[PDB]
Each structure stands twice: as C-alpha cells, then as structure tokens.
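Listed here are the chains, written in short residue letters.
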Amino acid sequence: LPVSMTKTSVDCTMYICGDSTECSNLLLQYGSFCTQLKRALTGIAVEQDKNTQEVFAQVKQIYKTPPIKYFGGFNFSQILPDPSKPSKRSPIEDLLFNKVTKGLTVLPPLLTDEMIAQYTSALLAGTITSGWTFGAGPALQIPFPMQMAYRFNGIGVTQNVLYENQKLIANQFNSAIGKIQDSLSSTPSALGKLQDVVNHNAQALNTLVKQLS
Amino acid sequence: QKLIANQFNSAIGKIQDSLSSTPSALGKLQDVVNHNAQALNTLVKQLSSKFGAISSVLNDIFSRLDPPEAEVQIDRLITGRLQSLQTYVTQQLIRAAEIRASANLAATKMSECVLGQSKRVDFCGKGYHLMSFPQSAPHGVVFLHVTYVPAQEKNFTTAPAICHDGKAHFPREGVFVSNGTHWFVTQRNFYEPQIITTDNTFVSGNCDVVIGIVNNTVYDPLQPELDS
Amino acid sequence: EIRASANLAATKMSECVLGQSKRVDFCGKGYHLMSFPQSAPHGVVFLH
Amino acid sequence: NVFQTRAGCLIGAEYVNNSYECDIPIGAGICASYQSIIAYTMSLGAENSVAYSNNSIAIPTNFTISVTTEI
Ligand SMILES: *[C@@H]1O[C@H](CO)[C@@H](O[C@@H]2O[C@H](CO)[C@@H](O)[C@H](O)[C@H]2NC(C)=O)[C@H](O)[C@H]1NC(C)=O
Ligand SMILES: *[C@@H]1O[C@H](CO)[C@@H](O[C@@H]2O[C@H](CO)[C@@H](O)[C@H](O)[C@H]2NC(C)=O)[C@H](O)[C@H]1NC(C)=O
Ligand SMILES: *[C@@H]1O[C@H](CO)[C@@H](O[C@@H]2O[C@H](CO)[C@@H](O)[C@H](O)[C@H]2NC(C)=O)[C@H](O)[C@H]1NC(C)=O
Ligand SMILES: *[C@@H]1O[C@H](CO)[C@@H](O[C@@H]2O[C@H](CO)[C@@H](O)[C@H](O)[C@H]2NC(C)=O)[C@H](O)[C@H]1NC(C)=O
Ligand SMILES: *[C@@H]1O[C@H](CO)[C@@H](O[C@@H]2O[C@H](CO)[C@@H](O)[C@H](O)[C@H]2NC(C)=O)[C@H](O)[C@H]1NC(C)=O
Ligand SMILES: *[C@@H]1O[C@H](CO)[C@@H](O)[C@H](O)[C@H]1NC(C)=O
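Residue numbers (the deposited numbering), protein chains in the order written: chain W, 727 to 827, 856 to 967; chain D, 920 to 1147; chain P, 1017 to 1064; chain X, 641 to 675, 691 to 726.
Simulated from the structure, these hints should not be mistaken for laboratory data.
Be aware that one or more of the hints could be misleading.
[Claimed, not checked] List of simulated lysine-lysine pairs, DSS-like, C-alpha gap at most 27 Å: (1) W:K825 to P:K1045; (2) P:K1028 to D:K921; (3) W:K814 to W:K964; (4) D:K921 to W:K786; (5) W:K776 to D:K947; (6) D:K969 to P:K1045; (7) P:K1028 to W:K933; (8) P:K1045 to W:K814; (9) W:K764 to P:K1028; (10) D:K947 to W:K764; (11) D:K933 to D:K921; (12) W:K776 to P:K1028.
Using the sequences plus the hints, can you model the full thing?
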C-alpha cells in the first residue's frame, strides 16, 4: 500500500520568467496566482508528512526485542532487524528497497527511512512479545505459543488443536515466510503499486519542463 | 459500580476542563471555515489585477476608448477573470470531495461506535471500547469515546495445560496462573483466581504431547457430594 | 487519492496488526490470524 | 552558528545533542524550536523494553474508564 509521494515545491516567478527582470515586472500585475500555487503545494507537502506520521507513528513507546530470540520454534529472523547491517533493516525490507528505483525543487521527507524502520521494529517487537495488549494500554508480556492459542480461539478453534501440533505449525510458518521471501526476490512487478507512483510523479515534472519549449 | 461511576464522572469533568482550557483542540473545524473565507478573499483580490489591459475598470475602458480596441481590452479582462473563477470553482470541488470523504467517515463512526459496540481496534477510541456519545459543533461533530483501559499489571507463572491422572486439562475460557506455589485459573483481562475444577476446564488427550505442561491436582465438586 | 490510500493503510495497521480482525478478506484471504508490517519506498508492505 | 542538514544549510540556530519531540518540522529528521532557537534530531519516543519470557505472563489487576474526544 502506498502512503506518501514525493513532496515538490515550485518557485513561480523563477519558473515563469527566469532571469528577465522586465518579465517579473510585467508578471507582478497578474495577481496572486503564484501565491495560490505555493500555498497549494505547501499544503500537499504537509499533508504527505501528516500521512506518513499517522500511518506509522501509532505507538508512544519504542519496544526492544529480548536478546534471546527463541519463540517456541517460530523463526522471525526474516523480518526482525539485522544488527550486522549498518542500515538496521530486515532482509525483507532491504529486498524491497533494492527492488524499487530550474524552478522546481524536491523536498526531503520529515521522517527518514531509518526512523520508519525504527517504528516498524518497535511494532514488531510489541506484537511479538506482548500480543495485542500493547495497542490498548500497557504492554502485557505473554509466551508466544499462548498468544497463538488465543488467536486460534479467536477463529473458533480450541487450543488443544494448537498445543498438539505446535511443531508442525512452526515448520509451516517458517516455510511460508521463506517462500514469501523468494517470491518477492523473483517477481519484479509485485511492487508495481509503489513503482507507478514514482513513474507518475517524475514524468509529470518532465512534461511541465517541456512546456518551456 | 460506585468506583466506575466516580471514574466516569471525573473523566467527563476533565474533558470539559481540557476543552475549556485548550483552544487548539478545535483546530480542524476552525481550519475549514478559514479556508473558505480565504478563498473568497483571494477571489476579490483578482478584481484588482489589470491582466495586461491598460486599466482594470470596465467603465474606464469604455469611457476612454472606442469599441474597436476597447473590445480587445475587455476580451483580455474577461478571459483573465473567467480563468480566476474557473480556478476557484475547481478548488471548491476538490475541497468538497475531501469533506465528503470526511463526512462518510463520520457517518460510519456514528453508526458503529454510537448505537453499538465495536470490536475494531482504535476505531472508537484508544483501548477497549465501551460506548460513545455524539455532540454537535459548528460544521462538525465531536465524539466522546468512553473506553476501558487495564492498569496495575502483575507477574505470574503460566503453564499451557495441567497433567492430572495422565489427562491434559485445558482452560475453557481463562488462563492458568501461579502465585508461586498454587495454581489457579483466571480470565484474561482481569485477575480473579479460581480453583481449577472440572467445569471450567476441559479434557483433551494425554499429557505427553503438549510442551510445558505441569503437574497438579484438579478438584472435583461431585466427589464430596458422593462421599456423603 | 494517495491520502485515501494512506487512510486505508492506517486502518489496516490499526486493526490487522495491533489486534485480530474478524472482517472477512480485510486482512488476507482466509481466517485471519495476525500480521506484520514492513517499510518500503513510499509505502508499507503487510505480511498477513 | 552554521549547521549542515540534508535539506540544506541552516543559519541562526545552534545544534543541540539533546533530543525532544518535533515542534517546527525542518526535514530529514531535524526539527527546530524556541526555548534562543535550537535545532535537534527529533525523538521517536520513550524506549521501553518489556521482559519477555517463555513461562511468564502479566495479568492486569485494576482498570480505568477513560474518555477521549475526536473531532
Ligand atoms: C531461522 O532462519 C534462519 C534463516 O532463515 C536460519 O539461518 C540459517 O542457518 C543455516 C544453518 O545455520 C545456514 O546454512 C543459513 O545460511 C542461515 N540462513 C541465513 C539467511 O543466514 C536459522 O538457522 C533459523 N533458526 C534459528 C533458530 O535462527
Ligand atoms: C515482572 O518481572 C520482570 C523481571 O523479573 C520485571 O522486569 C524488571 O522491571 C524493573 C522495573 O524497572 C526493571 O528495573 C528491570 O530491569 C526489569 N527486568 C528485566 C529483566 O527487564 C517486571 O517489572 C515485572 N513486572 C511487574 C509488573 O512488576
Ligand atoms: C498463593 O495463594 C494461596 C491461596 O490463597 C495462598 O495459600 C493461603 O495463604 C494464606 C496466607 O498465609 C493462608 O492463610 C491460607 O491458609 C493458605 N491456603 C492454602 C490452601 O494454602 C498462598 O500463601 C499464596 N502464595 C504465597 C507465596 O503467598
Ligand atoms: C509429573 O508426574 C509424572 C508421573 O506422576 C512424572 O513422570 C515420572 O517421572 C519420573 C522422573 O522423571 C520417572 O521416574 C517416572 O517413570 C515417570 N512416570 C511416568 C508415568 O511418566 C513427571 O516427571 C512429572 N512431571 C515433572 C515435571 O516432574
Ligand atoms: C483500583 O484503582 C482505584 C482508583 O484508581 C482504587 O480506588 C482508590 O483507592 C484508594 C485507597 O483505597 C482511595 O484513596 C482512592 O480514593 C480510590 N480512588 C477512587 C477514584 O475512589 C482501587 O483501590 C484500586 N483497586 C485495588 C484492588 O487496588
Ligand atoms: C525457555 O526460556 C529459557 C530462558 O528464557 C531457556 O533457557 C529455555 O531454553 C526456553 N525453553 C524453550 C523450550 O525454548
């Protein structure tokens, strides 16, 4: 799911008239079109920043996973952050990053990718260690197999189904996550919903620039 | 009951004080109004622009020039003003679409959170949702979400099941806990110990397959009655 | 359009991740158990 | 009093090693505020490590009836 696009800003007089002073003198009496366009683009930029903040910053705590990463057979190494990498990112999100490629300026986002990765890591640690209680108040730690048993109780299956098939469920989950990793590494168009976003915005700018000719 | 009532009264009092003492909390609605006013003002300013004509007043053009080129000047003025009006209408349409989306969201919230209880997380307030109240406001609606939040958590030792007489007893609705020596069962969101009996636990298989099972006795209410 | 999509993504994060959703097909095909978020260039990827 | 940021060059405010919440957004993780004008790296939130273990649970013992407003 896309969240925010590239924030762009325009210098109205510089784009319209360039370095001709008489052009600016003639321009100043067409009114406040430049002010309107600057206001609209600033509104879009702040809306993009608010969108990112709302979608990601949903927890007021930055939880940290315990050093001993054993969860009753479940393997979360594919989605947990990798300490060795300087970027502090899991293999899946690193694959995602590697899989996606005057008068007009591009403003950088307020939240860098590192802070977004930190929020995602906090959410993962919270939802792994403390179930779903951390989203409704304090964080309540709980063993992971018990959380999965609770989640089966959510869908109308008693816990004895889980507790007597824990190893099989763990193996199936690990195999499924490996298959997802390989599928992401194999299909190029799977990220199209994001890619076209860029492939839209950039080309739009190009067309605008072509209008100078 | 009395404690919950007191907490609710204190909460609504704090809400009233917070709304009274914080002016920025009502920013959203305020913004709406400002935007509209701003737009109108900008439109008026467009009447003060020459748009490249010799003057920005139609009367001056008419009383100063003959029709043959006064019509050219008036053509320029009309096309400029028409472009400005087109821009204003387009901006109004976009803002109206945004307000339509917000109104649809508000209607969904009114239908679900009000007149009902929602299991959706954070859709009707932070924490477990209890109920809600609507209030009107200039060009908007304010929801008071009354919600339930746990506090004063306490550590306990847990086992997935209880092995007794070779049978594995699992909790029916709650969870097994241990205050250090004894084993009880209690519901998930509140602490209320109960004796592990055969009515709140159910038997499923033997105790050789589950991982982490502990040994304990399971009280039976029928045995004392059959003793007499 | 992007803001509407971001609102949808925020709802998905609030429901599928921080809780269990009983809404059919909202958090993946089948009976939903849980989910994980991941970042991506100008977007978020949910593993249901 | 010159600072180099990803967005650009900032003059008139002093960088502070301390971290707070964002007040005026500048960009690239930098936010400025007035307390003199100081620019800093915004703080995501208070870190809270939860003691997770495979045979321990935490059970609430009390509750609170909260009321929130949404406009
Ligand atoms: C969890 O999964 C990871 C990777 O999915 C496992 O790491 C692999 O370990 C084997 C043997 O030690 C190596 O041959 C592979 O190269 C490793 N994979 C990677 C990506 O480095 C790990 O063993 C699994 N189990 C645990 C407990 O972490
Ligand atoms: C349950 O027990 C754990 C550890 O026995 C407690 O975690 C400790 O909390 C204190 C409180 O500040 C910290 O100083 C320690 O560093 C924590 N220990 C670890 C290993 O992280 C936890 O607080 C207990 N639960 C409650 C509700 O008191
Ligand atoms: C765990 O709870 C049990 C049940 O209340 C406690 O056992 C009781 O303790 C009280 C306090 O001394 C005694 O008056 C009762 O006679 C005990 N009942 C039984 C059946 O033993 C137990 O003490 C608690 N654990 C701890 C460490 O205090
Ligand atoms: C729970 O009780 C069972 C039987 O009452 C224990 O199983 C016995 O364990 C001892 C010591 O390992 C063996 O010598 C016996 O042969 C076992 N008997 C049976 C029938 O399995 C079991 O060990 C107890 N649980 C724990 C954690 O000690
Ligand atoms: C649960 O919390 C409530 C309030 O948060 C506690 O009620 C307070 O109790 C103290 C001591 O008895 C009084 O001084 C306060 O006035 C009470 N508050 C209110 C609002 O009446 C209650 O005691 C707590 N429950 C437990 C078991 O500790
Ligand atoms: C449970 O946790 C303890 C310490 O946290 C560890 O020593 C033990 O190996 C774990 N048991 C399993 C079955 O993973």
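Checked hints:
In summary, the hint linking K825 (chain W) to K1045 (chain P) is supported, as the alpha carbons are separated by about 25 Å, within the 27 Å threshold. Taken as a hint, the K1028 (chain P) and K921 (chain D) pair is broken in the structure, with Cα atoms around 38 Å apart against an allowance of 27 Å. With a C-alpha separation of about 41 Å, the suggested pair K814 (chain W) and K964 (chain W) falls outside the 27 Å cut-off, and the hint is violated. Straight-line distance between C-alpha atoms of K921 (chain D) and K786 (chain W) comes to about 32 Å, which puts the hinted pair past the 27 Å bound.
Among the hinted pairs, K776 (chain W) with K947 (chain D) is consistent with the structure: their alpha-carbon atoms are about 14 Å apart, no more than 27 Å. The straight-line distance between the Cα atoms of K969 (chain D) and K1045 (chain P) is roughly 61 Å, outside the 27 Å bound, and the hint therefore fails. Our distance criterion of 27 Å between C-alpha atoms is met by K1028 (chain P) and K933 (chain W), whose separation comes to about 23 Å. Under the criterion of a C-alpha separation no larger than 27 Å, the hint pairing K1045 (chain P) with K814 (chain W) is inconsistent with the structure, at around 31 Å.
Taking the CA atoms of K764 (chain W) and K1028 (chain P), the gap is near 33 Å; set against the 27 Å cutoff, the hint is violated. Among the hinted pairs, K947 (chain D) with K764 (chain W) is consistent with the structure: their alpha-carbon atoms are about 21 Å apart, no more than 27 Å. Pair hint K933 (chain D) plus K921 (chain D) holds up; C-alpha atoms about 18 Å apart against a cutoff of 27 Å. Annotation: proposed proximity of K776 (chain W) to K1028 (chain P) holds, straight-line Cα distance about 17 Å (limit 27 Å).
Hint compliance for this structure: hints 2, 3, 4, 6, 8, 9 are not met, and every other hint is.
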